[PDB]
Amino acid sequence: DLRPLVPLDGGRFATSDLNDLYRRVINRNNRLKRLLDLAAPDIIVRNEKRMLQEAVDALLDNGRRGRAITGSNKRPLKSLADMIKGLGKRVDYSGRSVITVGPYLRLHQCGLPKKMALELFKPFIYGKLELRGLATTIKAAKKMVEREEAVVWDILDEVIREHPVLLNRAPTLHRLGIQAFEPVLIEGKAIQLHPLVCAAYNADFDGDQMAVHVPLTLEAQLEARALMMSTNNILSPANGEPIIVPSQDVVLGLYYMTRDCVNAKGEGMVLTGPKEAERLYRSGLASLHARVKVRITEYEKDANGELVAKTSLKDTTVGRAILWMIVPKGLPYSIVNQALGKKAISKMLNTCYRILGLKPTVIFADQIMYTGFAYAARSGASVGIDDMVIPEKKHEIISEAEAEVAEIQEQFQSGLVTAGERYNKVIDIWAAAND
Amino acid sequence: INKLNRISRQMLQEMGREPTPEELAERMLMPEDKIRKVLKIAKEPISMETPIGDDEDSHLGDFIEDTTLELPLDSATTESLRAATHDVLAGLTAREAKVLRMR
Amino acid sequence: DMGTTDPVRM
Amino acid sequence: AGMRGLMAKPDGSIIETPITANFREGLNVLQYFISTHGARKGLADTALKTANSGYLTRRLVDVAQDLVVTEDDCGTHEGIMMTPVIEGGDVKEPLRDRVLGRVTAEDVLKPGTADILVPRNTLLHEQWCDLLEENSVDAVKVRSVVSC
Amino acid sequence: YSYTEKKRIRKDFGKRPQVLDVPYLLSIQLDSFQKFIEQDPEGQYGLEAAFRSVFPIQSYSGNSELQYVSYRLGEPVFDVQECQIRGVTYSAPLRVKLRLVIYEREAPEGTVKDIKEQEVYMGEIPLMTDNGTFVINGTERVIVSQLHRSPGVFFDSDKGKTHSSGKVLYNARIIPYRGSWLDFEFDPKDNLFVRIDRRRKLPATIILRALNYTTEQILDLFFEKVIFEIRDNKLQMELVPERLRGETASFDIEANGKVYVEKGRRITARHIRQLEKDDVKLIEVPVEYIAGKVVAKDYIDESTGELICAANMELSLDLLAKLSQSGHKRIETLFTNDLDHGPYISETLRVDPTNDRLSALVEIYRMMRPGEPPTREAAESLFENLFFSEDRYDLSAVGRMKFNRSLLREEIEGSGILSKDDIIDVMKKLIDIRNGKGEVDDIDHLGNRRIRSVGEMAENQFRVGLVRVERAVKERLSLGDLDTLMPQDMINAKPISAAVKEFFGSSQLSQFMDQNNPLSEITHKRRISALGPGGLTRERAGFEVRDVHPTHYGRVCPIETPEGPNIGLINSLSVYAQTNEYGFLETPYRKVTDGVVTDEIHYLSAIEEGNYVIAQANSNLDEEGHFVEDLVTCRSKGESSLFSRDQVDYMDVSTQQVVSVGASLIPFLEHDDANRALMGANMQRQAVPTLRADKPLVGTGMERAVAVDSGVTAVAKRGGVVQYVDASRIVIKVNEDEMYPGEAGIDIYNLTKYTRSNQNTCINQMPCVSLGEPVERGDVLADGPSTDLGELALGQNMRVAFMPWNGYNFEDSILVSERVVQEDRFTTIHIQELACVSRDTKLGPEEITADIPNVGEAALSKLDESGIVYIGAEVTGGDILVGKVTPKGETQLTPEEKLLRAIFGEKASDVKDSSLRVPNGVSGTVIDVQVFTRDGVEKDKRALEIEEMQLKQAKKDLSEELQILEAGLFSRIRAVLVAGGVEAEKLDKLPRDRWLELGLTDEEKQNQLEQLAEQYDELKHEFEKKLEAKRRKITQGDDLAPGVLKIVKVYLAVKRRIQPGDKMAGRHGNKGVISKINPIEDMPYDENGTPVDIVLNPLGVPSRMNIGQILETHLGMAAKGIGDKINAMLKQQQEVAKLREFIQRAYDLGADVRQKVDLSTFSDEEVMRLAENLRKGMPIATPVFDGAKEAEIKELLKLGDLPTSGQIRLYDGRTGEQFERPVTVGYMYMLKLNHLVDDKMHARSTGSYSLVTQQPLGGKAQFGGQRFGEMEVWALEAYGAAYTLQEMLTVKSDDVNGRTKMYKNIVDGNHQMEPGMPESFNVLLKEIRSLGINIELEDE
Ligand SMILES: [Mg+2]
Ligand SMILES: [Zn+2]
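Which chain is which? The protein sequence lines are A, B, C, D and E, in order.
Positions 248 to 333, 343 to 691 (PDB author numbering) are the ones given, in order, by the first sequence.
First residue of the second sequence? That's 460 in PDB author numbering, and the numbers climb one at a time after it.
Positions 50 to 52, 94 to 100 (PDB author numbering) are the ones given, in order, by the third sequence.
First residue of the fourth sequence? That's 741 in PDB author numbering, and the numbers climb one at a time after it.
First residue of the fifth sequence? That's 3 in PDB author numbering, and the numbers climb one at a time after it.
Everything labelled a hint here was simulated from the structure, so no lab data went into it.
Hints may be right or wrong, so weigh each one.
As the list claims (entries may be wrong) - List of simulated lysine to any residue pairs, SDA-like, C-alpha gap at most 25 Å: (1) E:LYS1158 x E:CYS85; (2) E:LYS1328 x A:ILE664; (3) B:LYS502 x E:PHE505; (4) A:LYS395 x B:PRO478; (5) A:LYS395 x E:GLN69; (6) E:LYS1306 x A:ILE664; (7) E:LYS430 x E:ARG18; (8) D:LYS749 x A:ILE664; (9) E:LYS1048 x E:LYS1328; (10) B:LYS496 x A:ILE664; (11) A:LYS384 x B:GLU529; (12) E:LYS236 x E:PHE224; (13) D:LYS781 x E:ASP549; (14) A:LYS395 x E:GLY858; (15) E:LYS1328 x A:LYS395; (16) D:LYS781 x E:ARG18; (17) E:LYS1057 x E:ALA904.
Stated by the list, open to error - Calculated from the model, a selection of chain B residues having no Cβ within reach of chain A, i.e. all distances over 10 Å: (18) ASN464; (19) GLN469; (20) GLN472; (21) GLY475; (22) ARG476; (23) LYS493; (24) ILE505; (25) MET507; (26) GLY520; (27) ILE523; (28) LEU532; (29) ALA549.
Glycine included, each C-beta is placed from N, C-alpha and C at the ideal position.
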């Protein structure tokens, strides 16, 4: 059965080529027995032993002899060596999708549309439907679950509860190609995701396809919760610094939210805390960056595990005193004070993780993503064609570096310099004018 | 087979178009329904590695599926039916259970 | 692998 | 905004007359035809690095997968010698980002020294590494894999 | 242009006029297949030139010669629509006409006795539908062109990789057109070689040895001579004064008693000039000055009768004393200089182990065949056959012209075989390119590269079929007797119809047509492959044939190419480039004598550019043709320079001829990067048509020819007046002067309604005129799929507004509000096909009965009594379509189930139904049902009803076709005979049948009346004959594959909306997955109240430089501003004068353009059409590389009343806020691609299985599973996981009992697993124990 003769559709057949090879060797053996019993002359039985030798050594390894090729097609046939000399072992409980963004869920719950979630958890649903008391057997369960009554979505939402799945992208490169999640059922046809984690897959959103598997047993579920869920890999295995740096839009929002203009509306007054700073921004009275003295209260744990307090009057903007309402008690005020680009926002997460632990870093990450999106929305930073100002010095500088090259050309035409030195003068002149 | 090859090659060129599988009978006196069988016999089988470039290099030999396994919701069905009739036959007397279990 | 035998002729 | 540099020609050394226009104004026909060759060269170059990295990870995995971290103490003393790297000029990677995380082997001591500063067999996290950076120790001794 | 572009005049920017209009874009395919089959009484492109190269065949003096006279094609027995419905090849018979004559005894040209002829059938040739698409098996196909190296000679430098010291070697190469190659090369030992094709290498002069050239004439032909004369006084020598140039001075020079050069000083041009001054002729040398020189002539002895010194000897003073002891005083020797004349043939003759012709022929015969014993006759036959006969070596006329070009002869017509003045010229040019004069060529210069499209490939396959027939007929002709045979027994029909049909059907170089757009057909019909039989394959390239080489300018487009695995290989043609006589690409130009400038175009090949200077199209001429700038940017040989205002001989035609077809339609291309312009030119070719395509607002202007030529619009053939429009047909009545003398009637167009295309898209047509409106030749009469009013239109324009909104457009996502999916702007229609077969099983055939076991009445409501679904039944996903039951025996039931079946009841006799059903997800509407059947089974009621309806439709169409045409015929007869002979009301009192009896006195229109009468008579005959043929074509059976009974088909017709995952993208380079579909209130309005529909991402512009889309957004906004101003002006009916003045001021617009049109020649009922059609925004246009500026966008912004900077203030819609920092709104165009989320979502829970190894694999219309390779096993072993890895490749995939043993545990309620053993390891033991090795599993 390893070398079958399975019938195709409608009379024609299909076979592996070992049938023709074994038929050749059996034929030539039988013929040599017939010729050796009748006592023929010697040249005939010598040719017989030689061509039987060729047949056996073409059956054991075809490719180091005359390459015995089949009739009716000029492709060379294969034998046992090329069934060991040789990508994938295909898997049940699979699926694939297109991905979208969905920035309203936390960093450990990807979505799942309903239909893949019903075509993947069908044995769990069959078992719990026949165990609850809404059915007689699995035949009645199969009759119930496919015409889609309205009392199977609750059983699906009770077996989804904390059962992990395993997202995965196709050209897997490094160790964070296989993370693990906990699904939230949702309408639609595309797998949702998170806008932070897509800095680690090297995955754009222009139509790249991910894959969902399912772990089945009990040791597998507990292992995929303890060792590889998506909130115990926030330290890249190459270096120290975390791989959850914000990527595209939220860094622009948190760059616009901590700056300092020279004169904005309502600049000069003195507030009484971060809550009244937020309430003076939302009342449409003072704008979002104007230098204004506020007070703060840091919290320090430089003692033997004890949180000591402090208070002062510091000199900041309204934007940083709005951003201060998110940082937990551990960090000092030397973090939210600067211009807050990208290196600073990697360093803020790094020092929070190296001081407090894991769960303040998780909650700090999700809160910083939500504030980044809300103020990138209410800023409205866009580009028009009247923002790329070409200088007022293009014509004169191009005129100077066009006159000097023509001077060097007429110096070469009179035979005072040579070709290589002229060619190394012109490159020098142009590559200075560029800078 | 060789006779139906030779008179097909001799018939194809003078009447013009193609041998229909019933007018090819009447040059002989065959019973008009054996020619389909003797034409279905006369074809050599397909080698199972003529490749098909389906976004990669693959073969005809792995797309050809299986016909003899039974689906697992038949084994689950019979595994339920075993305990079901064992339960419904545990309520009778000894004589009826013995006559049914050996009948 | 570095760093007259055909049965029709004979 | 400015001029877009100097684009190559297929032998490698560059054309003497560069493109003097930018994208907000109009690239005309000759400067566009010089730019398209460099664009096609770059985009065909970034389609072989993938297969080359795949081959390198293939060989470097098949030579080095048999290790498993299997005891809690080997019991030797020697190791390698750490120092801030110098590429003939100002420094490129200082001692703090090189010694961070690996277990010291012998005692670490000052010039006049008076005593031992850090103990013999301790792991170096940020408190001990700040203690190494403040008192300005030159070279630390440390245990490595190839000496195990 | 009478009423097409008098409707919706496209406003045109751009400042340079053009002389040459765009040619017919599909000229290549049509002219090549027009020359493949045509009657021309000579050779040159025909099938004539294929039959005159095998025929005549004469036997081996058997006195029976076969010859050929003529041939003739036939009529196709099916037209294209019925042939595509059925499935057969659109065919044509090819009936050649041979002739057999027999010669007689003892007479070469004796009078023959046997003259005969009989037409022999052979094969087919598939003809060509008139858009350029073959049809082979029900699917439209296109054959792509090819481009490979030219036959003829060229050399090659090949520096670098050999020996790493600068020791280069120039190898010539003679590549012929059919046969075997030929080589010449060098080596670091500097000795010439000779090499027949790729077998093994041999020393050089063996060909001249075996080809009857001895040593005397070869050393005569290569080198020169100089005279040594020992005239009985001490070694005199007559000397040529240039020979000293390169001669280091080695003796003292004096003659005629005049000293010239002292010894030790190299002789300079002064003393060479003195030698040419006084003509000094006789110089004395030292006696051993022939110490390295060799004499030329054979030298015999004086009286003794021996040999002293022949040619090619090491001439020394001992042999010189043997020489001049007899009286040899005139000696001729060779000339030698190491930098002028290298004698490499001398040393390779010194290492030559052959000396004569027979030994060289045995050497060649032993070389090119291994292990063989030689014979003189066989070696002579082989060497005189392989290089000179006209059946195994055919260097064609193209190679002849190139061979005469690259060796500086003059004549261009010659022989097809190479004689003995070509091998010596190749060796002469090789020696000269080694010594310095004349240098090397290269490849991909496009003067060494050609194009052969269809005709040459079909001719070559027809030739191979011809020689396979002719070998057999020559071998059978030998035993042929006098006359009992006719020439239709010996020549069969199978190999030709195997060869040409397999070549059109399944080769590498004939692929399916991407037919889902007007654009993608016309860019797939003209491509340039470089793969396939005869060129480099997919991995032999290297980065010197993939790259742009700058004679690619204007003949092959640079900025468009498929990307990924084979880049730089499948580039496409320019817009104006043509094909020359031989097959080299060639572009147009304009002749400038400086004249003023001349206006005659002049075509120009690949190499004739390389000696001229050529000016630039982007350089202004001023006022009837003078140049104005005193230095104009030009090019001479690939280099751009600055020349004078004279001496430039050629100027470029117009500024479009660098780009492709599908890449000259991206507007504002002059700003984008080449990378994203490449992505745009690859992403316009995948745009699925929508329900009602509109127009592009900022187009290009090269759109009209692209919509007209790739024929999907029924273009009018004779202009006139429309009679009767309908949803299906169109009747157009011709005028008087464009009419034939008879047969006038009316023209008639039938239109293709709903049909599937090749990619499951939906193609229909609609008429675009009204009753009583004139047309002209070249107008449109039918819009296509994605066509509107003659122009090409793919997507729908809608209001983008760049602002990053709440994170829902994070990386590249878009955000479409619900106004789009409510107003149905992107709704598309698909047409699926579902078949089901009815085979012949062993235990009994299968029926189509509509009574199935194991179902009730819930599914069988939508079935009729015969068993196939209705027309109209809107079926969901999972209902019955065609009931099909199969018989089955050998039941073999069980225990306790048979105990159960001994109580209630039982069924039998018709088991598992393989009746097809609609695959899951579809929600169709079954529009058509077709039933084929095999001849010899009495069909049921549904087939008979289908046949009756088709018969009624055919009779109806032919009756109305002869009912409306004779109406115009009778109106023509009456309107003719009333002129000159009018009767008052005698027209309408006697009937039409007794109307044609009233004749006339002798006039031309009397003969016209008689001609029209006989035309009506012959139409009356042909109607009945055509209906007889039509019913015979309908009522018969069909042919089928062996083992079927009847196929029943259905055509579903889905309608698809736009859901989170349909990939949308603009034109020039910004893809996006659509992300969330918002309600209408939440979108950010502006101050007037209009919402805005799509919110892109403004972080994608300064990273990948495509600055063009911001500027396109501004200009589109200005066009819609002018549109809504004219809409507010027309909403109250005021006048026509305000519209006249306002539209004239809209069309004038400042700077000097070429678009002065309004205000005089237009009527009053034309402005009310043009202002009816411009309320949705005035179109703008832009030539590509000469586009708009900034001031013109500012002007057309100010002609409305909008803010001029471009950016408006834009409120929010959730909180009533104002956005600070105002943002950019506008109007860009958007396609809708086909990578749909209902074509990629997939799942699998438990399905089918394979056979040889039991992996999962779905083949019952269920998905498989995503394969688990080895990079994911490393990325899962890198963790601590091993339970999940053991589970994912031992239980879920490849175990035979373990997976059922686990499925029962899951369905009962105890999660666990058992390991087992995998099937790949359990099959590797048998496939390794079937060798002689042993392998076991020993210990406990
Ligand atoms: Mg991508
Ligand atoms: Zn150790």
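Tested hints:
1. E:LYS1158 x E:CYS85: 51 Å, violated
2. E:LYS1328 x A:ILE664: Roughly 81 Å separates the two Cα atoms, so the pair is violated.
3. B:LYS502 x E:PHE505: 23 Å, holds
4. A:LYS395 x B:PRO478: With Cα atoms ~54 Å apart, A:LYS395 and B:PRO478 exceed 25 Å; violated.
5. A:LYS395 x E:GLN69: Not OK: A:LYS395 and E:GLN69 at ~78 Å, beyond 25 Å, violated.
6. E:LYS1306 x A:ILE664: 89 Å, violated
7. E:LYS430 x E:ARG18: This hinted pair is violated, its Cα atoms lying about 52 Å apart.
8. D:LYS749 x A:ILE664: 23 Å, holds
9. E:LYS1048 x E:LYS1328: Judged against 25 Å, a Cα distance of about 45 Å means the pair is violated.
10. B:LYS496 x A:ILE664: Violated - the C-alpha atoms of A:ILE664 and B:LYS496 are around 92 Å apart, more than 25 Å.
11. A:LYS384 x B:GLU529: Holds: A:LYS384 and B:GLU529 sit about 24 Å apart, inside 25 Å.
12. E:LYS236 x E:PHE224: Outside the cut-off at roughly 30 Å; violated.
13. D:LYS781 x E:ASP549: Judged against 25 Å, a Cα distance of about 7 Å means the pair holds.
14. A:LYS395 x E:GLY858: 16 Å, holds
15. E:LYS1328 x A:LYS395: It is violated: about 40 Å lies between the C-alpha atoms, which goes past 25 Å.
16. D:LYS781 x E:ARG18: 33 Å, violated
17. E:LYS1057 x E:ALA904: Outside the cut-off at roughly 51 Å; violated.
18. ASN464: B:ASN464 clear of chain A: closest Cβ-Cβ about 16 Å, beyond 10 Å.
19. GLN469: Given a closest Cβ separation of 24 Å, the condition holds.
20. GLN472: 25 Å, holds
21. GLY475: 29 Å, holds
22. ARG476: 25 Å, holds
23. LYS493: Check passes; 15 Å lies beyond 10 Å.
24. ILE505: 5 Å, violated
25. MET507: 5 Å, violated
26. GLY520: 7 Å, violated
27. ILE523: 6 Å, violated
28. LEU532: 6 Å, violated
29. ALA549: Fine: 19 Å to the nearest Cβ keeps B:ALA549 off the interface.
Checked against the numbered hints above, the structure violates hints 1, 2, 4, 5, 6, 7, 9, 10, 12, 15, 16, 17, 24, 25, 26, 27, 28; every other hint is satisfied.
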